[PDB]
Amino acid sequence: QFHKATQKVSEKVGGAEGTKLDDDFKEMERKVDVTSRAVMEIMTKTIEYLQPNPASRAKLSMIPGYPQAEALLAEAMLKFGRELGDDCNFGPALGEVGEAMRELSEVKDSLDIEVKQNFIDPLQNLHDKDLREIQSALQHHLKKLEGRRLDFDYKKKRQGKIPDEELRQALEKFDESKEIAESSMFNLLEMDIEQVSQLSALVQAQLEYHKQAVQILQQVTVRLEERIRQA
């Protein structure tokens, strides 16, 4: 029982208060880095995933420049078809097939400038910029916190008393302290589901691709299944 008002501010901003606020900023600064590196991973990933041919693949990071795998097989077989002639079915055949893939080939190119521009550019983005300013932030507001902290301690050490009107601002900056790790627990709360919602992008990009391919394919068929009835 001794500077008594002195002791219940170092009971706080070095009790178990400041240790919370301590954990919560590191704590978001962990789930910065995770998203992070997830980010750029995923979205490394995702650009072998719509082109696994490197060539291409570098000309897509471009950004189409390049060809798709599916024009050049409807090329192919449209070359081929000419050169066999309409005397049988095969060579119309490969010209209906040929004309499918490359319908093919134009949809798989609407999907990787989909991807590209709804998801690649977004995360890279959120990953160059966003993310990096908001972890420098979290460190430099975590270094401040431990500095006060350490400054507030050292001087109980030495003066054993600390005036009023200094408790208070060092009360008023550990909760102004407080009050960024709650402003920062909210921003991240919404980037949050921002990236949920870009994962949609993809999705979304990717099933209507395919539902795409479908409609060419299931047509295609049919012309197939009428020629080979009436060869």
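Numbering follows the first chain given and starts at 1. The term rigid core refers to the most C-alpha atoms you can superpose between the two forms while keeping them within 1.5 Å. First, how it differs from the form deposited in another entry.
- With the rigid core aligned between the two forms, the listed residues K45, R37, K173, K31 include just one Cα displaced by at least 2 Å, namely that of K173.
- After superposition on the rigid core, the Cα of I120 moves by less than 2 Å between the two forms.
- Taking the rigid core as fixed, one finds a CA shift for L145 of 2 Å or more between the two forms.
- Core-superposed comparison between the two forms: the C-alpha position of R102 differs by less than 2 Å.
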Given for the second form:
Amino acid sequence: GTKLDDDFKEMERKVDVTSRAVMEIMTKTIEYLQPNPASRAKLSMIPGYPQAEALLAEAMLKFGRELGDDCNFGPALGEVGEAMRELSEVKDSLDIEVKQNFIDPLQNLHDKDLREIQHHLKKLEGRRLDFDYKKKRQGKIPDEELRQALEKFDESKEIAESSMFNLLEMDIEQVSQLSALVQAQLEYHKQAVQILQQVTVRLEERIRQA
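Could the form deposited in another entry be given as well, to go with the form deposited in one PDB entry?
Below: the lone chain, stripped of partners and molecules.
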């Protein structure tokens, strides 16, 4: 059949790579946010799920209490318990921020921008084929019909080129989205370090004393 310049074929390639990339990254990012396969289903809808930190906290508090204040390990449990609880929250933030500012954007890029292009390409193919066909039987079919056959094709290719070119041009917006992710992570870990140190002092205050 008729052929497309290497330039065209390249964009089409990068488009595919982008699409495929967006998909896996999206998945992996989630499996990252929620390793446990039971809690992702929530991030695949939205948190209506518990955090590991939460559950740990829940427990440390539970026993720290039961032990009592008379002891020394009992209170320390409540102390670290809170620390964990706090971390739990800092986490929910992270999950939500990443979902909203990284996953959703990508998801939209796949269902919006990319799907569009996919369509275009398919249309182009058909137009390509139809032409090749009507071409084979040139003498048989009226010139006008064959001319239109080509025009339709050219017309289609352009649309494809535009949609593809435009998506590939603004690719920096994906970089922006990457930054969107790394930002959300930072705020979290930074915020984490705060919580951790905050409790470290409280425990040192114990161990140091007796």
